[PDB]
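We begin with a single chain expressed as structure tokens, specifically the form deposited without the partner chain.
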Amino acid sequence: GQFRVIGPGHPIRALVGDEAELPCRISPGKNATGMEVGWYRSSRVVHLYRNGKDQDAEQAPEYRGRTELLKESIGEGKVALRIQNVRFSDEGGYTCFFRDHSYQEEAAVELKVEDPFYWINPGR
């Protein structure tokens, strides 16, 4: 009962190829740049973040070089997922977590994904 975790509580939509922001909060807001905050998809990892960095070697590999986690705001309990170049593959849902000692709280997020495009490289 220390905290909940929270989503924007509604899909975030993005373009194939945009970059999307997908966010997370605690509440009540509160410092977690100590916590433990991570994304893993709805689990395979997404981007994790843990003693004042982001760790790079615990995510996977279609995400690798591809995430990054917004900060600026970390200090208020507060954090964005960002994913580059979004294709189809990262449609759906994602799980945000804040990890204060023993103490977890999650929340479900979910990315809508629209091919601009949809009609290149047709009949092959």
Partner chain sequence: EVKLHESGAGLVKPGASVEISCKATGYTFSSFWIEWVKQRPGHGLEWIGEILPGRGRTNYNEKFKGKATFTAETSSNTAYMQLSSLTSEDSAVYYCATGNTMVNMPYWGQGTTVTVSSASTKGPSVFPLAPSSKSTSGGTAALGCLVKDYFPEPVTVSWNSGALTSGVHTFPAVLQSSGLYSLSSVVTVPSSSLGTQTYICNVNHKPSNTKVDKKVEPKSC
Second form
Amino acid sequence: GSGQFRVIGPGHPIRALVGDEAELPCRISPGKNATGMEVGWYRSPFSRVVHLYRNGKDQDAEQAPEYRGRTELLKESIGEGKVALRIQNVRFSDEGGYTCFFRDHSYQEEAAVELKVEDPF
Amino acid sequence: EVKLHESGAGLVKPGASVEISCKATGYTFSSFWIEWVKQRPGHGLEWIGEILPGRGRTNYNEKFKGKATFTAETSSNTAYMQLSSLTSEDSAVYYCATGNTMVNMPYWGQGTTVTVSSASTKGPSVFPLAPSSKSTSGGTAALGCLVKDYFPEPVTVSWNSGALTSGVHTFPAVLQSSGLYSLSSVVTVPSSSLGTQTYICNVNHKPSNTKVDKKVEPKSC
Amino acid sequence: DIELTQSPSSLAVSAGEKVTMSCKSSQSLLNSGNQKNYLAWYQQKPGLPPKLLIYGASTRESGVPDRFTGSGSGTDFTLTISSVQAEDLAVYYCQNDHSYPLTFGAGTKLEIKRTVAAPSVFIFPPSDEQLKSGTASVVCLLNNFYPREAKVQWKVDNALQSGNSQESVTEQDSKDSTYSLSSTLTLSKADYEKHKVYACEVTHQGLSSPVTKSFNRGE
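Mind pulling up the form deposited with the partner chain bound next to the form deposited without the partner chain we just looked at?
Time for the whole complex; same chain goes first.
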């Protein structure tokens, strides 16, 4: 009687070469249709909003200016409680922890995710 | 099994600060957003904001930004709200509500009252309203209590701590020209009953600590 | 901010009648992912917190009687009570439960009209404990009546009084839909013992002729 779910992330840091793409996966378990739910990511230090999906649409006017036109939320299997944060033209300033979360009405769990931005050369 | 309870000073001086607290029991306190709602007679409900205990996340209503401030301590499953530079507008009954996976705000605490005023608190005087012949109509008699001169609201009045409920009319307070509140709490019972029944009104006025138990009987004539 | 307009602002019906309440939002309250209108209807009886009847524009909370139904979508919704009940007396608020900042409507108060019922008049003499304290309080109680409008006048030794007694009233009973008024006559111990006959004259629609209930100080 409790849709109360645990949120799960990588479990190990995610790697990416500078100036590249990055994908951060996050899902809820048991998985369920997270289409109506609120999903989002925070950039660890000062909880800046990296990306926010709510009421079916991406809330663009609600993300930190530093991230505009740099993210995306893969929604292929959202009905499975699965999504992924994709980021373009990576930079070191993207190195560090992130925080993903799902809000099921008055319920809301989160998972910590971390990104390693390594230097090619 | 999920249930919230509110509490906090019921009388505070203008331009000061009050911190109403919300205690929650019956669940994993840290994963559900708590809502704070203001309400005052000449108005309906006002949403102030919410808070996710644990994560420590906050969302306030624009108009309450700066006025209100939330926080909580997992240690006690208590969420707090601190209103500042209090005004008469800030005089009302504040609630806190929580929810579940399918609804936000299905659960509401009992709410506590808060009145802003540079005036001082008074303990009630409780004067019994004796059952009598001039109080008996049919095989039914009316007795009761008279809670007088207390400030500010509210007071909670019960009979036999619950061993009585039906026929109990507790009147809405009133503003006496003395600036204090007054109230009568009546309850009708069988003329018969009176002779074997322990009829006691439990008065309570936290804003003063007062907890009086006045037994109301016909006489000792 | 989304604003909610409730109407009628209040209405009165009899037990068993159908009642319909309006709430019209200034914006859409549809979550696209759910394809659901996030609106809620709360019932608020006197004294306790608000009760949640329906969420999502049309879904009943556990326990809530089926006579309650909330329909609508778009910017316009409605709450309907198939067959009103006495205990249904309360205030009904609707609420934008989808966009921040959350907002509630002004509410629609629901009165329960019935037939006439004459006041059970009861008079109370100042306790012995209050006198020792300088002031005197006399209570005249009108028990369970209908309508609400009713005169209650104090006469001391047959002397009409004025601005020396205040009255209080109760919201309708949740079971018989009646009222009860308490007219409290306040005096000084000085003035209390300076007179003989105390009484209140009640004038109500269920009373063929004014009822008077009295006693004589010192009894």
